[PDB]
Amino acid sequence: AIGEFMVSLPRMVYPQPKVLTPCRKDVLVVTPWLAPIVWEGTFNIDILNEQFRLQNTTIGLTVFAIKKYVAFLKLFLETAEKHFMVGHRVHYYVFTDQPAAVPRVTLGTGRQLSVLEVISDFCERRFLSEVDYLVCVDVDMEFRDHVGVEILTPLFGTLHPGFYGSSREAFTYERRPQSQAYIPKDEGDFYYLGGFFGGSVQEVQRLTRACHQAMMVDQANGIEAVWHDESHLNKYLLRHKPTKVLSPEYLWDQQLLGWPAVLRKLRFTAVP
């Protein structure tokens, strides 16, 4: 459940937070609109796990696996079982054009998977009654470390691993005024990834609905955003600030970017 009566936490023993000792001194851990930026070292997962378990939180994880992308499902699901929201209720939603091609992956208790053929006979209304949060990611990836409730919030975006240190002028936002995804050179907070975003079901549906309409307008105007859905997602998150921003630890490509010291963990990565 979400947004309800929250019971008291039990007695817990952990290191006292130090007011005069910054969490991380090498990175920004909070945005100008007071949304935390999630980096390793900023959170005590035991406290967060307690908070979300006491709420009987259910997380939905959605992926689209079309054509040859169905080949990525086995590794994706197997690693998700080892690193994604372990201990919490998880409902995987696999949208594919090849239902019979979905691998039979063994799931831990309290976790289930639904295969939706695709456009589809699945009404978004179902998400509202089955899960509390929705996490939307790409399938040609693998989890390599912890990805848990620390990411849960009404609406979150993830910093693109190739632009987290870039100035806004270098961001590959759609720069044509004729597009609904247009963002001028003097605007923009960060460059978010289209491949990893989420939040409450309500907020995720609001975002996808907004982008769907924006892309339809562009289509009618004979224009296609430079980076398609990702371009519109950036425009949306610029005008509707996310309540949490995930660091590049959450979507990295070690082949193209290595393992910088600023990244204490590589949690979700592209498959070579």
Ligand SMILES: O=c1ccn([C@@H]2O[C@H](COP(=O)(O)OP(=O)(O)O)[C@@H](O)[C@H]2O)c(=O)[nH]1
Contents of the next structure:
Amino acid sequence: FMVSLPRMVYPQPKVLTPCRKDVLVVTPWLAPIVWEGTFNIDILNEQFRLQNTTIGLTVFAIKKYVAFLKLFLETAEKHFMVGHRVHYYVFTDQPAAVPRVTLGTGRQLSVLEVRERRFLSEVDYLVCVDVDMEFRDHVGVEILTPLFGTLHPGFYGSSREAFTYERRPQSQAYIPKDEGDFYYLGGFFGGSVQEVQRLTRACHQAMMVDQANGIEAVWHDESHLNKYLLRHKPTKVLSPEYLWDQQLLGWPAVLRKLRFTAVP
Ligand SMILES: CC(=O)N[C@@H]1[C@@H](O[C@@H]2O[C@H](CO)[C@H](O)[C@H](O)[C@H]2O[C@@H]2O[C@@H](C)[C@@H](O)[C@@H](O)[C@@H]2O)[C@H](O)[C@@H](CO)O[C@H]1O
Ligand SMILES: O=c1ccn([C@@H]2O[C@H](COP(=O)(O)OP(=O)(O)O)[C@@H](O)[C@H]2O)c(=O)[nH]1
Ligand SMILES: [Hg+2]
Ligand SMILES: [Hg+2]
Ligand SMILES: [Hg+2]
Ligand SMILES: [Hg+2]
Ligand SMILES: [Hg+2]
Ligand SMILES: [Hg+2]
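Taking the form deposited without uridine-5'-diphosphate as the starting point, write out the structure of the form solved in complex with uridine-5'-diphosphate.
Whole complex next, starting from this chain.
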């Protein structure tokens, strides 16, 4: 049950004025593609807050990667889902190496040592990202949906033929040259807990099959993620604003904001 939104004053949307004339803002299966300028964050924040939405953010920090946690968490505090309930889940082999980062109210962090049902009872959405990154601008509820993928910054303007999908038919991640919508990044995906667990379960099983057959997808987890999203269309697709590498790719005009970027 969703309660009514309160009175709000904002610019009237213009039916005869395209949102963006330089990029595709909706997929062929009617899933919005999130770019700056396509959403009014005040309306979205209202909608998700009225639902008391809790977002789980998962990251893995194994071995040397624990060194990226401080900047990752500190910047997440400034840009990730501010105003909403956030639960960070840090999976690491070095619990005592996790930095003590100060968190804002309504935000918590759990350290899980490595060397499920819990998510279902603790969060509404799961967002899984790479840890060797930093937030530089707003990453909010505009991304929340049952299932989302993010456009790889290196292929958003490429033809499917050039996509580095797994091309060997002997692999479960196989995608032929005449198939494919986009090339999604393995480093930033998410959705509802149920959908994210369905995706990870499908990929885990597909990778086990490949292993048994003595084959490893060209881009591992990312190759399987792409196969899954090809067959199970995401309900939202995030633009490259959400995962960029300014050192390697600069700052093109098409990107009004660089929200989440690689750390050199
Ligand atoms: C720099 C790199 O090693 N390769 C660049 C490509 O980025 C990689 O793309 C493959 C799939 O084709 C994987 O997704 C891989 O993880 C990507 O590299 C990683 O992400 C990029 C954006 C950088 O941050 C890199 O440091 C990181 O390892 C890229 O798609 C192409 C086209 O731009 O150039 C390659 O040099
Ligand atoms: O504990 C980890 C290990 C790897 N990565 C991510 O994996 C990618 C790097 O892969 P690489 O092959 O260089 O290391 P590996 O995956 O073999 O650990 C980057 O996005 C890292 O941030 C991560 O986020 N946490
Ligand atoms: Hg618009
Ligand atoms: Hg996850
Ligand atoms: Hg991840
Ligand atoms: Hg998969
Ligand atoms: Hg997997
Ligand atoms: Hg996957």
